[PDB]
Amino acid sequence: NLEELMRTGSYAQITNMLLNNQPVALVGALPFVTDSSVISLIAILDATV
Amino acid sequence: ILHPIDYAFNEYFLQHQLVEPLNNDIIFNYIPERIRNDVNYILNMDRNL
Amino acid sequence: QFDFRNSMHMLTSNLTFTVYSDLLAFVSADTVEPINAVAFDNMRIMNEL
Numbered sequence: 734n735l736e737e738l739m740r741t742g743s744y745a746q747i748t749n750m751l752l753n754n755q756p757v758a759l760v761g762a763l764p765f766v767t768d769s770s771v772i773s774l775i776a777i778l779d780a781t782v
Numbered sequence: 244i245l246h247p248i249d250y251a252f253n254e255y256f257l258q259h260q261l262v263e264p265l266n267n268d269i270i271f272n273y274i275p276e277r278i279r280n281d282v283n284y285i286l287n288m289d290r291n292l
Numbered sequence: 832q833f834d835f836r837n838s839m840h841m842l843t844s845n846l847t848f849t850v851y852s853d854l855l856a857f858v859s860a861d862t863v864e865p866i867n868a869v870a871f872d873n874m875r876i877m878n879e880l
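Chains as they are written, first to last, in the deposited numbering: chain V, 734 to 782; chain D, 244 to 292; chain L, 832 to 880.
Chain V extracted, bound-state conformation:
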């Protein structure tokens, strides 16, 4: 939960899950940026955020 993530300020589980490159799922409200370039599609830039 992103709500809990912001509320409690903890980052332990998420950091360890992401560092070891393991599947994760986040549920919560997020603004989106629309990119419609196939250059961005081929050159992976959807995970560097």
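Covered stretches of chain L (chain D as the covering partner; in silico rule of three or more C-beta atoms under 8 Å from a C-beta of chain D): (1) 838 to 845; (2) 848 to 857; (3) 860 to 869.
Residues from chain V that keep clear of chain L, each with C-beta distances beyond 10 Å, as calculated: (4) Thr748; (5) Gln755; (6) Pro756; (7) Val760; (8) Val766; (9) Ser770; (10) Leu778.
Treat the hints as calculated values from the structure; they're not laboratory data. Beta carbons are placed, not taken as given, at the ideal position from N, Cα and C, and that holds for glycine.
Assemble the complex: chain V is given as a structure, and chains D and L must be docked to it using the hints.
Showing chains D and L alone in chain V's frame:
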């Protein structure tokens, strides 16, 4: 080149140093444990030893 | 009498290092938002709102 008294003094000062290595675990357990166990505060290690 | 074969001595010491005493500049503690603070029983610090 020194007299035995001076050399004994200096060697005793050298071998009885008061300094100890500083690890991440040591600096983490030096912080009081009750505050570490809390959830209101978050302790993050950022500086590189 | 000044004797050279016993006055000569070799010292032992570390190569180089730095002295650290503060031990608090290597840790950061950012507080959670003041409204959502909880207690030992995982209930919020102030339960009136």
